[PDB]
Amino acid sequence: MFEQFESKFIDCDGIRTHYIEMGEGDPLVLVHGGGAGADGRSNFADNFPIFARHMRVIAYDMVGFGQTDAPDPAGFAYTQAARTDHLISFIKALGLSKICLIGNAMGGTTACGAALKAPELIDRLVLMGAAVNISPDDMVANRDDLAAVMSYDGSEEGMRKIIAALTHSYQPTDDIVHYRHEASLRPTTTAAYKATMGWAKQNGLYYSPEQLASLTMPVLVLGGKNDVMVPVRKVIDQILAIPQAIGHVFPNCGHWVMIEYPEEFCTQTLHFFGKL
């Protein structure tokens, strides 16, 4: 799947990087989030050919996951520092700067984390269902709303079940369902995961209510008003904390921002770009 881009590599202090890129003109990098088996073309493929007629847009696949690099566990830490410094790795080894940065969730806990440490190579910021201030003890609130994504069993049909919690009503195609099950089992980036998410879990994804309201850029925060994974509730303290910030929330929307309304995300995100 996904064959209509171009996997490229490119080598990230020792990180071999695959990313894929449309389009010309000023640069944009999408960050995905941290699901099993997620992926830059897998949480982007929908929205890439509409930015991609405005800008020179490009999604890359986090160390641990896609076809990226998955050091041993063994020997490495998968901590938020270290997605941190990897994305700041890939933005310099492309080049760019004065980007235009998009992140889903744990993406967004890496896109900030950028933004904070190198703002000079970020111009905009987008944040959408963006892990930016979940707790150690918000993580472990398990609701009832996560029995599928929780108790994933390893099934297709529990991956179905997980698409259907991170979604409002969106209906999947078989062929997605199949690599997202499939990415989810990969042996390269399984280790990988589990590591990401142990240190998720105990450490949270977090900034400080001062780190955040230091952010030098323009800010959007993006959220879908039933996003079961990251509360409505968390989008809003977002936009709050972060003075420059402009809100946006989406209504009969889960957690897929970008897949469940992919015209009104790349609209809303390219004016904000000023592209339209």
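Under this definition, the rigid core comprises the largest set of C-alpha atoms superposing within 1.5 Å between the forms. Positions refer to the first chain, counted from 1. What changes on going to the form deposited in another entry:
Once you line up the core between these two forms, the CA of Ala148 is the only one from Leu96, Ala148, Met197, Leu116 that shifts by 2 Å or more.
Relative to the superposed rigid core, the position of the CA of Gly158 differs between these two forms by 2 Å or more.
How about the form deposited in another entry, since we already have the form deposited in one PDB entry?
The text that comes after this line covers the one chain and nothing more.
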């Protein structure tokens, strides 16, 4: 699946990193979520052609996901810092500067991490249902709704349950479910995933109010009102914690704004990027 895009690979400080790209013009990097079996292609396949009409759009796979290396967790710590450094390494490896950057959930954590740590690489930032203020205590309190993703049972029904959790009223195709299930079944990513999620569960996915206020570039914060992974009040706290942030909230919409309301997602981000 997704063979309409040419898989490319590049070395990021020894992590061999998969990505796709389309279009031309200024760079836009998209960072996928951390649910089981997720990657750039599957997260952003519908948005890619819209974005490609205006920008050079790039989706990569995070360390531990997709077709990027998933180093053995016997010797590799799957921490948020590892993701953030991977993203930074990716951006430099492609020779990119002043990028537009969108991150979904754990991808939002990672996009926000890079914006904080390597601001000189990023002109504009979009956080979409970004896990940037989910503390360990929040992981405990929201445990029931987070279970589908964070303690994924490895099965096919489990993958349908993940997708029904991430969305308000979306029926995925049998093909998307199969694609993600198959991806999730591979031993190396099953292992990297348990490490990723075990860390997240005890350290949360979190920056402090002061860190969030320290962002130096324009920010757009997006959220589905019905999101159960990063609830709307957490997205609202992000809008208020980041002084320069624009906030947009989508009704009748779960975590996956970009799949549930693809056209609306691209219009708002493209508008914010100065392209419409």
